[PDB]
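Colleague: Listed below are the residues making up each chain.
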Amino acid sequence: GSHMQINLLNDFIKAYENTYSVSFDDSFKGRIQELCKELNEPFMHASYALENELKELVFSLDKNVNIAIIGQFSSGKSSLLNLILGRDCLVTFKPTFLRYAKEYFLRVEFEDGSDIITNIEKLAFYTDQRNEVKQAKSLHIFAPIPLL
Amino acid sequence: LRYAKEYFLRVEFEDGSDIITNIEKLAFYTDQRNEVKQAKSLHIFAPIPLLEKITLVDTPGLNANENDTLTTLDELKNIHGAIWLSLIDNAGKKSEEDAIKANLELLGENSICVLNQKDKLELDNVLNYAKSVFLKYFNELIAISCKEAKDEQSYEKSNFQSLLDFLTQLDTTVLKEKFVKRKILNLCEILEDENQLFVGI
Amino acid sequence: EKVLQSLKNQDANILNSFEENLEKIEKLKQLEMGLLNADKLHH
Amino acid sequence: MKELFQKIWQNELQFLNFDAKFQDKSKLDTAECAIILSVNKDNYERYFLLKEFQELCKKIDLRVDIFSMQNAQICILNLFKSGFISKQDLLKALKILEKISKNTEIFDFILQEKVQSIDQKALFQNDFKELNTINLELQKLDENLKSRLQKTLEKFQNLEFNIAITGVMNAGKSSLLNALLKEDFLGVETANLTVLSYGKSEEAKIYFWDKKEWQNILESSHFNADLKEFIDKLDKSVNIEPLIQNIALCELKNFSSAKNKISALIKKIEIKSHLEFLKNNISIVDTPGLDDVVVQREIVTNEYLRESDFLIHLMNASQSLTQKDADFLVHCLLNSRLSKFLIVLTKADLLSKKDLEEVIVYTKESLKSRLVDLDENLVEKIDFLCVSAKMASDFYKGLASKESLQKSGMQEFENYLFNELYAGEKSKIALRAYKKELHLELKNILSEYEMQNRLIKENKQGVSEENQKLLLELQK
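Chains A, B, C and D, in that order, are what the protein sequence lines are.
Counted the way the deposited numbering counts, the first sequence spans residues -2 to 87, 94 to 151.
Counted the way the deposited numbering counts, the second sequence spans residues 101 to 221, 225 to 304.
In the deposited numbering, each residue's number is its place in the third sequence (first place is 1) plus 689.
Counted the way the deposited numbering counts, the fourth sequence spans residues 1 to 141, 144 to 190, 195 to 247, 254 to 488.
It should be emphasised that the hints constitute simulated quantities derived from the structure, not laboratory data.
Here a beta-carbon is modelled for each residue, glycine too, at the ideal position from N, C-alpha and C.
Do not take every clue at face value.
As the list claims (entries may be wrong) - Label-pair ranges, simulated between beta-carbon atoms:
1) 195(B) with 424(D): 47 to 55 Å
2) 721(C) with 313(D): 37 to 45 Å
3) 294(B) with 19(D): 31 to 39 Å
4) 313(D) with 294(B): 53 to 61 Å
Please build the complete structure, drawing on both the sequences and the hints.
Modeller: Pasting the structure below:
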């Protein structure tokens, strides 16, 4: 099939064109970042990790602005966070995140990969270590609070 | 489909971010928009037993594609078994495509074939189940059939508790063990292939 | 012993038949390589 | 060609052996060859990172390393020379790929290169008689299998290459057909289909419309309003009283009285002639162009949609693309089944050469304008020749006994059509089908003859078991 041959050639042309030849949603910062990232990745043998870092940087523009609460030995940051939540929560540690919802719940992301959505009340339990239960990688407090 | 104490939907987006919300909005996130964050995956949380440590994965429809199967496998992995849903038609085309689909890759050693929609067609159904028995011993733990419920007063002779009972009776531990064994053997085969290539050089 | 000798004569005939079958199989094997080369010539 | 590879692999050129150690020669098709040639050292990283290119190379059994790419390019070019698989169509494909890769160097090298001996139809006959010998050997060594092999050989022997030929009426097709056959035939208001077949009798079987086909024509006359005028003129000579089912006139000596308006009642003229052209088991279908549309166009597109294994479309050298011709060519281009039909600019004389090529350029630009996408490259599906039938028809018996046969185009057109009997996709597909049939009959014979050896082995095992039982009985 010569028609199929022409179609094969056109498919290859379209694929190369779509991969290497596209100007982004420029005239705004958001995708000028993507153009810079593309500049950083045609042939410069750049590392898998560099590529993923650039991808995550691009994503950052569409996502939750992350602000971190830096507490001292214990400077009463727990009470401050409770005040921010309205409702109150809580030996330390997991990476813990304050996010918005319509109800108070906690998502426990485990190290084994699994997660679970459950009551905010259980937060303490998953912070405190156990001997033979899935150890949590991170904790995600969801709350119906503006500014989250 | 995963277990919880309430009905939730978690929408995982491609950008990485997620959102937890009511199952009611599911439709909105399925139907795509031009500007709204394109979703990576959807996560229905429900207070249903059998979602306790046997979570369910909705797969693409087999739109007459021979390489759809391997593409799906490449997309999403670590599937211990499956429920193959088919209508009354059990033609040879379906047998061959099921064979290339499963290939032990996706349905290995214990997975169900489910004939649907008995109500639309008995002696005919009996003949069809006999046909399936001899044809489709590919799948394990008999190919089954029915479905009607949900404001049917009966709720039953829909064989639905037969499927449910199987899903309960699954020996999850054995499934996990065999799957991991299979994957480790595959990786060993790959590594040996590479090594022998070098040796041949 | 006599039955064994009768079977031995029958097995001389059967040995010839087996050898003819082997010859046919070798001919067919040759034919298949010839066919593959004929296919190769096409493009 | 080490200088070429130095040009295209400036610094990354490797120490490599310039010869096609190709082991299949059918490993990849012409578009794939063009893609592999367009992996010039400036595109190679992008190509190797392209998933589609990796898939392609895995299909061809390539790596994505520099060395294997260059070696494959070497082998492709040496096949382009020696086994001579590519034509200017390979250059077409590279021009198409120039969307991505401005690979002028390999383009020019393929252009300016002593090509080779071509040898097509002799090789076709050689391979076909090879397969015939294999069929005979399979028949030698079962009755069902031998009958199957005989029927397969009968099917593949002397089998039905159909050339449909079409075009607008003033462009003219009967004149070109006469010159292709190298003598006169029927014809030097309109229409009827004409089927030139090869047959023992020299019939000219004729078909008229049915009652229902004429009813369809009269229904459409209400709407066409020029067909209605012509039908008013025609029904004055009432041969209508061309009725219910069967009008099969079996013979005639090409009476041109039908040109006096009776051909409007004729739909299908089925000639069985003796001409060396058709003696080679070729069959031609000449098709109406312009009027009595109602069912004659339906049967035209029936005959073309039916078996027709090649399509030639004729346009006169000075037709302004003939909007109906353009619509037909567009329909042809969108039909993926057509697979590189042919165009002949008939009446190649009366028009300066290199002005004829301007006409072809205008034709292709129009066809591209009717297909606005990469669809434009579908016009590269068409081949163009430029033949003048008058000169070739004259050389046989007429005025121009001085050689105008060549310098007209008819010799080259005939060579083209005969090449389409091995270079055409149909001949190769038929050879592939014959090979598959021989392989499967071979497999059947293998089953049959291996079962005999298996039975003999089972009998020997049974004899051994009987001897063991006798020994056990003696011990007891």
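Colleague: Would you list, in rising numerical order, the hints stated earlier that this structure does not obey?
Modeller: Structure breaks no hint.
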